[PDB]
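It is the complex with one fewer protein chain than it really has, and the rest are unchanged in position.
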Amino acid sequence: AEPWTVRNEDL
Amino acid sequence: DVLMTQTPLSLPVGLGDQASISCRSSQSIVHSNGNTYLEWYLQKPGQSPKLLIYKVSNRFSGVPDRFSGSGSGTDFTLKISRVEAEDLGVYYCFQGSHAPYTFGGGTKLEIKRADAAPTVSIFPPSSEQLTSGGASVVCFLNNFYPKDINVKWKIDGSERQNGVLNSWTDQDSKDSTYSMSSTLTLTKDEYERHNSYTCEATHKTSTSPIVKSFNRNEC
Partner (left out) sequence: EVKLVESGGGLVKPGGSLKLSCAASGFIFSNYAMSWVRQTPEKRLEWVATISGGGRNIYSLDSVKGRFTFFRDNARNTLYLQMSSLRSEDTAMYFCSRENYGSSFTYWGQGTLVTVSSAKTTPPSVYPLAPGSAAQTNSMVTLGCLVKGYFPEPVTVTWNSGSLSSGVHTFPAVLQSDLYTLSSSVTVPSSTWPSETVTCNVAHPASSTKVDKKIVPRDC
């Protein structure tokens, strides 16, 4: 459902 | 839904000084992953929005450390230091933690500079417009500061309110001034039933009006 591909990944 | 509110609506500050802008959320904005996707955008006049700050206080590459954001829970704050003219425009906060994702309403940042009287020019209708039955009188009030100004029209020395349409630029970042346009639109036949057309500008820089006019019985 969550549509983000990179946004939710923390660097 | 989350409602995002900004204050103030706009904010003047001088060169070298620091601006400070609030953004408050109607409810908390911690994403299910425990992060807080509060972001800050700048939209300069005539351009698309650009990103400054993400996840509350991270500076996107390219953005100087004069800009920094903070806050928690429901209360956020963006701080600009050593403000330059090129920083003017509308600053937007945005929560991207709970759908539907919402923006604040914007805070316009104005750059202070010294007063300046408008440059005023008046233009009679062009021959071509008159040929088609129109008669617009145009009055440009250019390169003034501050924003507040007042234009009154006269026909044969009587005030005139109907058919006047004003328009203002945003702040120009080159000189930090404003400009405005005032158009009095009449029919040919009404224009020709009178002689004297005047636009007077009243502006803080002067106790009395700057006045431009012309008489038709001289062209």
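Per-chain numbering from 1; labels A and B assigned in written order.
The rule we apply is simple: a contact is a pair of C-beta atoms (placed from the backbone, for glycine too) under 8 Å apart; a residue touches a chain by one contact, two chains touch by 3 or more.
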item	value
Chains in view touching the one left out	A, B
Listed residues B:50, B:82 or B:204, member touching the removed chain	B:50
Which of B:67, B:76, B:94 or B:153 contacts the chain that the document leaves out	B:94
Touch with the omitted chain, as defined above, among B:183, B:195 or B:205	B:183
Where the missing chain touches subunit A, by residue	1-7, 9-11
Missing-partner contacts on subunit B, residue numbers	37, 39, 41, 43, 48-51, 54-55, 58, 60, 90, 92, 94, 96, 99-103, 105-106, 119, 121-129, 132, 134, 136, 138, 140, 142, 165-169, 179-181, 183, 185, 214-215, 218-219
